[PDB]
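The data below hold one chain only, encoded as structure tokens and taken in the form deposited without its partner chain.
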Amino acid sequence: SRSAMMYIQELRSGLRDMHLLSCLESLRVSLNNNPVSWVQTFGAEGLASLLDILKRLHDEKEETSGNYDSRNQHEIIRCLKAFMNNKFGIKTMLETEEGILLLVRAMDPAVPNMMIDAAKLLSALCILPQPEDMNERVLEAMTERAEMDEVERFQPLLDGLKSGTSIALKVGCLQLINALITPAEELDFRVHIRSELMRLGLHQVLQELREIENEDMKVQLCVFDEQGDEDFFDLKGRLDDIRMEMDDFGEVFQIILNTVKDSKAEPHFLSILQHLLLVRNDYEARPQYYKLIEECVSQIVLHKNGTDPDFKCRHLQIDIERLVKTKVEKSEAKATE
């Protein structure tokens, strides 16, 4: 069998095009078929060589790129996959300066098969329990990439979910979305990330995705929904805590003003109060009005499915069946007595 050292030497000898690919293809077969023993002789040195090559193809502007650049990037990613299917391999991948960012950069929707593979590896990394905030390390890399390209960090994932893509790509994009959100301890993080996806157009995408006759998509959708529901209930529990602690009118008001102080929220708070003063000064109507307002504020702030209200939307759906013929006239008719 071919030695890890032979491969390292070849990788550093400036292979191009079909020759590069030949080498990467052979290495990939070696990586998948050899014992972990052999992967270790490949090691950090071997990994570093793959990542340099991937870097310098990733960096290559459209006008000077080779015809086999995609193929070669993708073949490197298949090598990373093989390198990482064992404990030594993931560990050393995590220990790199740039491995995760280069995996993020491989998430190119114009090369969807490479994007499927890079997303599957980023998901596996998010779900690792050690080190501790792996999902945040993956998100950090996504953010770095967005900063360097001046793009929204979740845009490639959203592009992967467009109607024209393969089902495998849709499923892998939603899988990575689940892997970023679900392992997060903090409710605030999850709602933040979820609301960020929604502002990018996730909701309409989801509507489309719900029509797909595919079991794996149904599973990822379900996992996405479960987590939204769990977050709704965790937030609903936070509201009960508040309703129990904060029962002094002056103190609640003081805390709101502290929160809202010198922010763009302050003029909106005043306006809320100013409009309350304009509630129908009518003994039987005024309680109903305040109830209706409470119903509304309730459904805004405790928004269903654990996401912010869509602030760009014209209309806001409020469940009103919980608040509400000539049955009033005939019941008062029991004035018979």
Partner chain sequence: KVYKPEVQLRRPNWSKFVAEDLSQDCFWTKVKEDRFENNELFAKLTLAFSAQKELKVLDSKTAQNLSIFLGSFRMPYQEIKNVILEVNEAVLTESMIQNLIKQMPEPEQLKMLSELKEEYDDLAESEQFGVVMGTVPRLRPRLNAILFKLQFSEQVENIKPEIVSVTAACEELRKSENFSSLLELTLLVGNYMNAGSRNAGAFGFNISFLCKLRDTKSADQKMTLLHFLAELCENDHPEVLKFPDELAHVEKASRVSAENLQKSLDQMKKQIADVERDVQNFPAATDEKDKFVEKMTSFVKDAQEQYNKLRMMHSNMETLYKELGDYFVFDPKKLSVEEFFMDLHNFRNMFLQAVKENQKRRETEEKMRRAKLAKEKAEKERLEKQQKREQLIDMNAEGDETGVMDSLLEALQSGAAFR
Second form
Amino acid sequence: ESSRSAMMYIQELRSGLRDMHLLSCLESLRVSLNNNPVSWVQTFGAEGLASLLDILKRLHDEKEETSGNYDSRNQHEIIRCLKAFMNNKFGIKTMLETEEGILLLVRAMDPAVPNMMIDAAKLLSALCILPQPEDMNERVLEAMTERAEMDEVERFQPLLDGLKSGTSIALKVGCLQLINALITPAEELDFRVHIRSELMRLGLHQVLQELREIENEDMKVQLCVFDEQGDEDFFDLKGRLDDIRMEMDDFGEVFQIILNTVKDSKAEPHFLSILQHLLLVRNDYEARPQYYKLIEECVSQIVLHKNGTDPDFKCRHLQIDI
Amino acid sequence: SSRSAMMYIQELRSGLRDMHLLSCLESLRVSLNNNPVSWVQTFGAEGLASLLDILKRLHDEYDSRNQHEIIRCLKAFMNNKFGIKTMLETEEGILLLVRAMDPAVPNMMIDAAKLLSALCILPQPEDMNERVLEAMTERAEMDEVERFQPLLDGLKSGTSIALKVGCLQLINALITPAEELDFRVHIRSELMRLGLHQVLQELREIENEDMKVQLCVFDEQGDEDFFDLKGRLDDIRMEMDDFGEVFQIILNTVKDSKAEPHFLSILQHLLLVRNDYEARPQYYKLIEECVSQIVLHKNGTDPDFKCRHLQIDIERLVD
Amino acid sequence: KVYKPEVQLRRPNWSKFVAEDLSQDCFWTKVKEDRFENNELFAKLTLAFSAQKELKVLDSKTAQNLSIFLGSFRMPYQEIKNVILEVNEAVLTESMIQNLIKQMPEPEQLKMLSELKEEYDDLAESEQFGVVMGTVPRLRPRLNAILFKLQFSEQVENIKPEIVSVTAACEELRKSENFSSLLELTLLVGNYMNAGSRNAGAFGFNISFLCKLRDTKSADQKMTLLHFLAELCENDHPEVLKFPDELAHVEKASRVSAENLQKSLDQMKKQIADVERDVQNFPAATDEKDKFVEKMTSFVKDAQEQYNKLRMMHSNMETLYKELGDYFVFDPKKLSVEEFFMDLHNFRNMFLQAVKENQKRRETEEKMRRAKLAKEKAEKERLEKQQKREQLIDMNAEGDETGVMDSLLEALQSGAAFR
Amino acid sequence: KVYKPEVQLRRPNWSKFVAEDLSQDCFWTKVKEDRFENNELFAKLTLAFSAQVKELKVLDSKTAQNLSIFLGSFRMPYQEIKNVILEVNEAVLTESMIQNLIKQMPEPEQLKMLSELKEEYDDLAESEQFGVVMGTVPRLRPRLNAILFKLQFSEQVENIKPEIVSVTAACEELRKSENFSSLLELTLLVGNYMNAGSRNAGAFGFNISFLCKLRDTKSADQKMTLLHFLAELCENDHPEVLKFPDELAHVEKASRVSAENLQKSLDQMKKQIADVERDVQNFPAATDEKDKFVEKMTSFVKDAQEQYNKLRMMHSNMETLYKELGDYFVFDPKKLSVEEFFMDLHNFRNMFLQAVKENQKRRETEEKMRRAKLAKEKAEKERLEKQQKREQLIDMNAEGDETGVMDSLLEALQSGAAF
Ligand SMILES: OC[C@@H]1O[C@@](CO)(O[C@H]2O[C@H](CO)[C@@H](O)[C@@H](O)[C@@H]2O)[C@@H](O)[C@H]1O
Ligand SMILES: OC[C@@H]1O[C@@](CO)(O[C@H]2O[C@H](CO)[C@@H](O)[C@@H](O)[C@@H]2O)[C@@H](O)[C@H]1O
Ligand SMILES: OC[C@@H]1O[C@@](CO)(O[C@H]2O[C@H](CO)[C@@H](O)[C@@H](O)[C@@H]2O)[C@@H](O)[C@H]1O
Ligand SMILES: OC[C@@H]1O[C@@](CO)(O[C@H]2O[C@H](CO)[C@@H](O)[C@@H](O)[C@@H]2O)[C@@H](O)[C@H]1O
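Next block: the form deposited with its partner chain bound, after the form deposited without its partner chain:
Below is the whole assembly, all chains and molecules, this chain first.
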């Protein structure tokens, strides 16, 4: 209740507590932030938050330099505090104001400590969902990206690891949820496609097969979100095509554009090869038109891939439909 | 002996029927299988014509024995450069041989298909294969079937080895002698539409030397053709290095053709390729590798335009 | 240095320098001459640029022009004289005859050469030929009239066509109701714009003015009276757009020349009158090789026949045009036929273009409306998506609110956060 | 008929026809005026084509009205205006404003005449009040003159300088291009062999103006020029030479200047500073402290006669390089302008690059034709071999006593041999 105790907490935090002593403090702090009025929080406020994060930074740093780690408890308790601290408009706003706060949340996403990754992924997902500021998703992603460059790993690794067969249903649902939270709020179709295609290259598609089997309402909800969002992206891509057909109906003007697009790119030679092969299409009055139609079906099914992802460029077999 | 050759000509022209016509043709056969070439010159074209007048009467109308016998005489008659040459000078000789290919009478068809096959082989005149083909066409037009239907029926399961082998060999005799690669691919593809591919899969199971030989001939030719078409591409790469020039050529080709709309739709879809530095070249690559499997199709045949699920393998065959 | 090439090559005709005074301490002094010498060089170089009796009558100029002509021609001087008397077209040609007329000695020179027909083998080859021609009576008239006959068929076909074209054009125009339509339409539209003007209520305008319709532009010079009339036809009167097809000969007529035509015919009638007068003065033929008067009377008949066909067609053509002028109300005498069909040909071409330009304008206008539509649909689609995101957490009102985060998380858990 | 539209429309100023003497039994008499009428037609049409104080005592009538308008748009106190001009307050002055004042200022006599009526000031019109104020500023016209030259000085310095830089650079790029020098030596050589035995033979150099003409010397069959030949030599045996066009980057800019205009333009900046120098030496001693002329135009006349000197440097230098180029490549600098010389060189450079390019296309085309000829022989030999193989089955011509011709053929088919 006291308003002085918020100042005391700030001081204990900076006092150099370790192990079960630091933990017993965090646990008290978690409880204070969860029971007092928002005004108490404001008193703790930024300097308090910063104190939480300095510790979190020390802990993530001693766990990179370690082998067996009882640490989980303190790191995770700090995550529980952050939730409490962000359980109001002030704390959220204060958090986003930090320089390293979102990054630290990301680094708490370690699939080996599932319940901590779960809690940290929820908060990240909440941030993505926000109306203000603009493009919270891209900021969360920027941080995931920075963690990835430091550990030197694919930035979506920890999420795919969390979906693998061994892990709890709770962790899967949390990983999908954060994927959904990164993709769904983005306004630009190309962006949704980029990200989704990226997750697929990392094995997202096979994992999805497994998760669709699980009899779990929370899991179904996230799958339906992901699927529906993919279908809507396909529907948009198809609309770009209708637009192109309407606007670009002149062989020359389209050719010049395709050219301008691939010039000075690894794609140029491929295009030249394609044209050359069309010259090789058997010169027969019945068969030529059918060659071209077959080719056009093949091109269509590649460029307009279904489900708003890129084709799998490593998969070496295709089934063109007719 | 030479007196009875002038006679045959008058016996064939007397209106013999059934078993009388038959015993005359059976003798005519042995006379032809046994007397020196000079005796055949003495039977000559005027006598060939009467076999053929009868052949036409029979076809128009258990005739089997009479027709078939006429076919054995033909084989005998044309077992020397004189007969063959004379055969070729007839207006409807090759056509009637064609009409003898009834998968109903497996042994008649076998014998006619060998003669026709032999005709395709000749160096002179030019392009015998095409004249045989022309006759096959004409028959086909008056019965209202596909010109290669009879050939394919004979390849079907219940039919004797000999008939199978004979149909494949005539097929090889129409294709292999052809100069132009475009022609061979045309014909092969026409057979494939009629169901050839599936029939060849069944004949591959049969242990039979004569059959293996015709299959090896047929396959090797596909291969040589495929290889030749790969060469066409190597040339193209050497001469058409320029976007504008290639573009214009394709354009002139497809213009005012059922292919124009597709080519436009191809170019329009390419504009839809995701505008990403990494993915864009990969799209184009992938498109390119599928276009290659389609256009440079294997075994010198067109792709199966009728399959509802076309399968494309862009993994390497050999390493 | 000094070279010596076997093959003389083409050279750069520059203006040279010589070391002596011409050079000093310039660029040229410090030039090593063998620095670039190969024998292959001069090889390739020499390859590309290598550079691989007695006269008793005729003057000296005529005997020489004949000495030439004759050596080339090569034909028995007797055979020549024969083909000229018979008028044997099996051997005669237009060129052949013209050379003769140009090469031929004067009539006096031939006079003095057929009085020397005594010493024939004694003369130069250029006077042996001149003697032979000195025979043929009425030589030059003979040649001219022959030439004319050789040229007649051809000079008719450089006349008939044009009279045909122009007649066709005149008919096409008078019979084209789709053209008449366009005119009516134009009067209508024009009479409205000219309301209260001195030009108000017109019964017609001069048909020449058509090429000027285009000159009448809207406020923003984006549209003309011609495009307007053409769009009108396109939208509400498609039948009119077919008038350019009902005037297939107007283009050919615009290319004619009524003057050259009038002359061309007038010359043909003189050329017949000239021949006619050479046949009516001609000495009765001595020998039976002289099938002249015979063949030319046959000819002067057929010629006047065809000529009179032509003069009809042409007098008719002039009448059509004069009546065109009555019908569409203009002074035929002020405007040559071609000038008139050119103005009409130009108009037709302008109209075809206006139609085309209209179609491209309408396309460009669709494009711009469809963009507006999709861009506006977009500002809505998103504004609406943004509004749904603000229904989750209003980041601006109640501060002493807790459970903000628990709300976001329940929305996420349940699906509600996604729309 | 008769209309009465609300808005005047643009019209066709055609010449109208009236029913009277104008119509007769023509096309227009049989027209139905209402045949095309709509109220919508006239609507579309109306849319597209619619059509939308005090007495003078000195100043002449014109000047008064001009000043009346100018002082109306200007809108500043006649006392303020006086101040800016005296102080030379550069925070207010503009090229624009000082060029208006010079334009509108009454004659000096009209100011002297108003300066003698400074008594009736409130009674005077605006135009003359201004006149009385300015009739005060001593040596007004020189003062506005000098003030402008200063406002413009910077800008006119930089229409002179960059040109003097271009010519200087180009002059250096040339003198120093060994790749170009090479091309000259190679040209001299070739030229000399070509001219071997002509008056031009053994030349110690040619005049560099001549380069644009090398191309004028064609081969036997005019398919090849001396310039394409020289350019092939370089491509094949001296690539470096092909880089001389890049070593001459300023040549194009130099080709576009004007020696005459720099000379004039610099000499005028000389007289302009000598006109403002003396306008500071005859200048009356300042009566009041706002007259910062004799002060600031002495700080200018120093800095300006300073930059002029630096340009005069570069310019005397530049000219020297071109006179030196003339000594080095042996040409009269005085008979040929700078820009003319560099235009010739610039042109040649283009000719060269282009000859190079055309050579390549030529070689590509020679390739295509050769490979095509190889393939045509490959095929003719392919089919002959394939035909010689077909004839090893049967010669339909040799001996006819053979039976089993057709048994042979079937054993071939039967075994594979036939294939
Ligand atoms: O850093 C994110 C990112 O990198 C880019 C460009 O390098 O692509 C790459 O990074 C992804 C993982 O983020 C890997 O899959 C790569 O193979 C790759 O080169 C770019 O796409 C971008 O957004
Ligand atoms: O219009 C989009 C679209 O059409 C479908 C079914 O007709 O495929 C076809 O249309 C395309 C391009 O969209 C061509 O490639 C065709 O060959 C074709 O019949 C369907 O796939 C669909 O999404
Ligand atoms: O008569 C041979 C022949 O007909 C053409 C053109 O009509 O092809 C038709 O006939 C073939 C078989 O002969 C069928 O496979 C068809 O599908 C077909 O339309 C033709 O190309 C040609 O040479
Ligand atoms: O040259 C024909 C050809 O090469 C093969 C195997 O290397 O494919 C290569 O070349 C094709 C185009 O011809 C490209 O699509 C490639 O991606 C490729 O590696 C083979 O398929 C074949 O027929």
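The term rigid core refers to the most C-alpha atoms you can superpose between the two forms while keeping them within 1.5 Å. Shifts are known only where both forms have a C-alpha. Residue numbers count along the first chain shown, from 1.
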Any chance the CA of residue 309 moves 2 angstroms or more between these two forms, core superposed?
no
Inspect the rigid-core superposition and answer whether the C-alpha of residue 65 shifts by 2 angstroms or more between these two forms.
yes
For residue 280, give the CA shift between these two forms in Å, the superposition being done on the rigid core.
2.3
Superposed on rigid core, residue 56 CA travels between these two forms a distance in Å of 0.7
